[PDB]
Amino acid sequence: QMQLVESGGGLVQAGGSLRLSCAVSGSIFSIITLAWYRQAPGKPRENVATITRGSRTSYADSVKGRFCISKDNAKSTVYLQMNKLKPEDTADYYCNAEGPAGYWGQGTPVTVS
Amino acid sequence: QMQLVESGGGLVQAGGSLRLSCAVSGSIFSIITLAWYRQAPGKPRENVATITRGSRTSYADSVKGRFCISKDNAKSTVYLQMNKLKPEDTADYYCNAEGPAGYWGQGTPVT
Amino acid sequence: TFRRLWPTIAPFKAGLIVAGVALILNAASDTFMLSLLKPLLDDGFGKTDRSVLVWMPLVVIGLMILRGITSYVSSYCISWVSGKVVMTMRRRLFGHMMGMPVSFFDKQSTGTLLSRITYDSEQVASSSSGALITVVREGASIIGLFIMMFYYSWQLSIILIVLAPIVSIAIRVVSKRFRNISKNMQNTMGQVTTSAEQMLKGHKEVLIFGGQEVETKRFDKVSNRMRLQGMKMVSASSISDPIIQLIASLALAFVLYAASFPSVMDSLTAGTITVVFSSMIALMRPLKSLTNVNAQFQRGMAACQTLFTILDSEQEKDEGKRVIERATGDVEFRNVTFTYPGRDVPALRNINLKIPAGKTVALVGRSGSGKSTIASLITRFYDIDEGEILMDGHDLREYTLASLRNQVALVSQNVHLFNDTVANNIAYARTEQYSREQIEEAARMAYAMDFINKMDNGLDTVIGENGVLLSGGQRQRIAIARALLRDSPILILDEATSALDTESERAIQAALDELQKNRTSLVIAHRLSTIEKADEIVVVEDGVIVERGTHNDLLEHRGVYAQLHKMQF
Amino acid sequence: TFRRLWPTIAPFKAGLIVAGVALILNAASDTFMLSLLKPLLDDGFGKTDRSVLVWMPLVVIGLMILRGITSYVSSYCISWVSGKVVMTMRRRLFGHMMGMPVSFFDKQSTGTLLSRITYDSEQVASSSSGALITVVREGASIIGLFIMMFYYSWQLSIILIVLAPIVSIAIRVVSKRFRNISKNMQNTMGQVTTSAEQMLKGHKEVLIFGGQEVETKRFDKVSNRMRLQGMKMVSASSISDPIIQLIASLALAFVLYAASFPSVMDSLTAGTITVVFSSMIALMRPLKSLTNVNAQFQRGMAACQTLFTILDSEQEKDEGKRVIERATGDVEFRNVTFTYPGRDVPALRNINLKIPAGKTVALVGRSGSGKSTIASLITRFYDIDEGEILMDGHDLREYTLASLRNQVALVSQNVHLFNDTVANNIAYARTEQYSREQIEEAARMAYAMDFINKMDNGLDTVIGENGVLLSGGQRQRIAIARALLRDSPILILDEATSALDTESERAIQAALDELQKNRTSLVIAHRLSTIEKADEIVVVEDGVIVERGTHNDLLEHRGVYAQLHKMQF
Ligand SMILES: CCCCCCCCCCC[C@@H](O)CC(=O)O[C@@H]1[C@H](O)[C@@H](CO[C@@H]2O[C@H](CO[C@]3(C(=O)O)C[C@@H](O[C@@H]4O[C@H]([C@@H](O)CO)[C@@H](O)[C@H](O[C@H]5O[C@H]([C@@H](O)CO)[C@@H](O)[C@H](O)[C@@H]5O)[C@@H]4O)[C@@H](O)[C@@H]([C@H](O)CO)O3)[C@@H](OP(=O)(O)O)[C@H](OC(=O)C[C@@H](CCCCCCCCCCC)OC(=O)CCCCCCCC)[C@H]2NC(=O)C[C@@H](CCCCCCCCCCC)OC(=O)CCCCCCC)O[C@H](OP(=O)(O)O)[C@H]1NC(=O)C[C@H](O)CCCCCC
Ligand SMILES: *[C@H]1CC(=O)N(CC/N=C2/CN3CCN4CCN(CCN(CC3)CC(=O)OO2)CC(=O)OOC(=O)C4)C1=O
Ligand SMILES: *[C@H]1CC(=O)N(CC/N=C2/CN3CCN4CCN(CCN(CC3)CC(=O)OO2)CC(=O)OOC(=O)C4)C1=O
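Chains as they are written, first to last, in the entry's author numbering: chain D, 1 to 113; chain C, 1 to 111; chain A, 12 to 580; chain B, 12 to 580.
By construction, these hints were calculated from the structure, which means they are not laboratory data.
Below are the DSSO-like pairs computed for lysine-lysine, each with C-alpha atoms no more than 30 Å apart in a straight line:
1) C/64 - D/64
2) B/328 - A/228
3) A/194 - A/212
4) B/332 - A/215
5) A/118 - A/212
6) A/243 - A/232
7) A/577 - D/43
8) B/528 - A/215
9) B/577 - A/577
Please put together the full structure from these sequences, using the hints given.
In structure tokens form, the structure reads like this:
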């Protein structure tokens, strides 16, 4: 059974920058699709960014060219850096893997001033 | 050699909408890549939109979600439909085929 | 030394005993002719008169017709046992090849399978039957000729029985020369054939560099070597006959010499000498063909071994005992990881398909490699190495194959079609327990009757090979017919052709739409029609599940499937 | 029959005339011995004479030594012309297989091309040489025996000279009857072999439907048909022999009759009768071989017709006269459109591909279809249908093949490696013109020494098949070495495998980096580095140029090349 661990921050100022990490265990990490999803208190889950086996990247229409994602080969851990934060983006952020109907993490909420 | 003919409008008020057409004949129209490029009087040529064999259309940077393009198989002609014009968009616009190192038409300026 | 191997042909002893009875006669006739020759030379001409030479022109033709008839009966009723032993051996051989696990048939050895069994098992009985029809006719010949020498003479026969064994060992050493030349020349042929093959396959490269000249000189060298090899083998072959001819002839000169001594005369009418010498020159063929029967028993037992290694080999491991009627449930992959034999790279790393009952999953992939080897695990063509395929709480290695295989239904676009009647190709293997009404109703149901009725004979037209056949456009349509009739609980589609046939999609997609309205179905798919209606989609990237999810809740999540979706829009 | 054949073999008249001279003696030995039989029989035992009986063993041994020696010489020096005629025909056959269009070798000819030519030639030589041996020796035998019967008798010989032709026509009719049964069994034999093959192509489905029951019975029917067909053939073959024996035996009884019917007969002593009858029962084998000769020529002439269709069939169309030293310039495609022989869909539709001199154009296609068939048009492997391929203002169909190909360097993986010395490879076909200094300089220039010095001998190490055989990447490295030596103006890379990145890819790129520093070069491509450095990139999609540009000025134009750059990122 594949498992993952999510690490993230908390309340920060508006328009700042943050870096988020997510550890993955018991996996063929080098090929599986990995992504991040956010869930508003009133709105359902939604993806924000996604990586692929070829180090490809993609982003949603709402946030384009604003955040950056990467994967670590040795550490088997991903990094997602967010810049120019917005108060309306304060929601619950989740680490995900192997597509949407695959696996999910614990989730760490993030608050924007 | 292939031939291509461009039909386009002239000067219209800002904020409107128009459609442009380029007629291409003499070659395998069904598969080749087709595209439109614009060039400012001072600035060099710049791409606008593109279509491929699988209709995998694309719009480069500035009008993403604003403009659209399609081609007519029976008519052997491509349509280019425009909306939400801006004064800064007045430049020299061309229809192009088979990539950037391919072929070019006479074109028509649009204001 | 064939003790404890008689009862393999025991039901055929009638044929062999007729062979023996009517074969020893075929040498008794040849001895009778010479024994007759004696009273036709002395008692016919020396004794002044007729009254023998009106008998013997009839006795000779009588002996000839006896010889011909015995030749026929012996050959025919030994070839009858030859044939009905080839049949049994080949049938048991084949009936062993329908259980030998799929890994073999998969291009390990199939090009010359059927030939290498029929040629081999026809050379296993040709040689042994030849040895039989040699060690009896040409062994009774010797007995008859010595009997007929002794009844006519006292001395010459004794020196001949002293002397012929020398002839035999000469035969046996010279033939040994020839065989021992044969193998070394076989090795010299190997290299030269290999080079002759080598110079061609890169013809592109010969022509591109403008190097014709070097190729001609190389073939000149190697062909001169072929000429010299053929020379050295024919030059060896042309010796093995004359040497033994001369040893035997030297024996002839000896036994001719012993007719000069004073005692030997007056025991020698002008006839008896003739018949003894006749028996001498007729004894040569048996005496030369009898001491080479090892060269035939050995050919026979060589082929016999090269197919008795084959006969008992590995088969599909049948283990477990539990049986199934209809496994209406969830096939689940769990940490399964499988490797093709003969390779190293795993084809599936840790894999976790979890198929719902009554639903469908679609294995879209950019490769075409690494997915069809799931349709070869859920039916246990191969067997996994590390993992467990839980079927309704059970493992496929614990189910009995006769039922597990009865579950699935490989509906494809390449199904092999038996060469029998259509209604027999749909209800295959149980025409006994199915009624033709069901076949007709299903062939309608699968939208298949529309182009079977147009066929001239219909439910009795052969649509198999060496028949009339059906194009790739209904091969699968008949396949859906077969699945519907059998009502399998688990489906594995292929959708092999990249696109549907012109004006034929209207039937394909519709019939399949009835075929997967129920009946949990893992559908290997690469076409945008069935994938869209899927229930949970799973992609495969070259070794492993990558991006699983239902289509509608996937396109937003870009990942692999949307990427592979765009370039196939 | 064949008056034109003699000067084809006239160089070997020495061998043939020694064959004839030392072959007629071989039958002369048998005739002399049968003649000698009388002064053994009448003058040896009727009278008291012991004088002849004491030299006769010696003359028998002498006649046999002559027989053996003549057998050897007439079987050697007729297999020394058989050898050279087959060798000459092979060399004149192969030297024609180096000219046929590449489309032949493509897959049209089975890998048994070599086996077919060698078996056709070996069997034509065998059949014709056997026909010669049989006709000459048995003609001598018949002439000798009939000389025997005249000098020893007056009437029986004429009886036989009237009666044997009846024997011969019986021979012909019976052999005809067997030969027809041969083909009549042959038809159903082929059919049932095919019906046996049919079952096990789709062995998969036999297991997957649980249909082992309706497979064994089907093979039972097939095998019973096989054994019944073998039965019919053998039952035919066992009659063709014992009928002609009965005809000849009727002749024998008739000869006995006439040998003692009247009183005008009976002048023949007990000796000469034995000579006549021995000559009879030894005359049969000539009287059968000589009358089945006609079949042997047909084996040979049949296979020789099979050859003579192939020998002068068709070659690559050589036309034009114009010659090139080196065509430094800019090859251009113009409206070219090529169709693969044996297919219908065109592979290349309207093409306007231009290759500026010095510059590099790079083809980048996802299909794997439609690329590697341009590198088979700029060198006239095939010939176009509709278009024109200018090369320095001339057309490739006007240049001479010997000259045009001198500029193209198919520097790829998989390049065929002659089984020779390494230096020979890197200087193929012109070790005459090129001194070892250029080889030793280029081997460094290609950075290729690491596959030289580490070897046993290097510049003499055997490296092709049946040699040491080096790595596939090394085979490509030899291809770059060989390109460097010739310095050909037009270059065509393939970049096939791309897997050895273990500092081997670095060496490849390092070597190539100067190989395309000049030499206008069409480079089929899949590697990001070489595509990036390109001068004009041309992407094909399944039949036709799609979009052309430079990698730096194309990504802005999303098009197709970028849409492929994404997946191949
Ligand atoms: C009034 C009342 C009188 C009473 C009547 C008495 C009647 C007699 C009854 C006969 C009974 C039995 O005794 C005879 C018998 O039954 O056997 C036959 C015959 O043997 C046999 C084989 O032929 C022999 O073997 C070789 C060829 O054979 C092969 C081959 O190897 O090449 C094999 C096979 O091929 C195979 O095919 C398979 C397949 O086809 C099966 O389908 C395949 O498996 C393979 O085939 C292929 O493939 C291969 C390879 O590819 C690898 O597979 C190839 O290599 C191949 O070439 C081939 O292509 C296989 O190889 C086969 O098929 C064939 C194929 O057709 C072609 O390819 O080729 C030949 O030697 P070579 O030079 O060639 O090496 C032999 O010729 C010879 O000169 C013999 C020579 C031998 C040298 C030795 C001499 C001294 C040695 C002393 C030894 C002492 C030691 C102790 O002595 C002489 O000359 C000397 C004569 C003078 C004597 C001396 C006098 C002075 C002192 C030749 N030898 C003979 O013929 C012997 C013959 C001798 C006749 C000569 C003169 C006789 C008088 C003697 C005078 C003495 C008086 C005092 O008989 C006698 O003795 C007569 C008795 C004397 C009575 C006198 C009273 C008056 O054929 C047939 O058998 P069948 O019945 O089954 O059809 C048989 N035919 C008949 O019976 C005929 C029948 O009588 C009808 C008669 C009516 C006629 C009317 C006009
Ligand atoms: C999100 C926000 C944004 O502006 N992005 C563009 C990424 N640009 C990066 C600067 N990078 C310049 C060199 N890049 C090519 C090397 N990249 C590794 C080094 N990068 C730092 C300098 C680290 C990054 O991953 O991204 O940063 C490899 C790469 O392709 O990642 O683009 C790039 O501009 C060239 C965002 O992604
Ligand atoms: C360009 C950018 C964009 O989003 N467009 C959509 C504008 N509305 C279209 C209406 N369309 C409804 C059916 N579409 C799916 C079929 N489309 C073919 C028919 N389209 C007209 C009916 C013509 C178009 O090419 O695009 O128009 C395929 C498609 O493009 O999908 O859009 C859509 O909303 C559904 C643009 O035109």
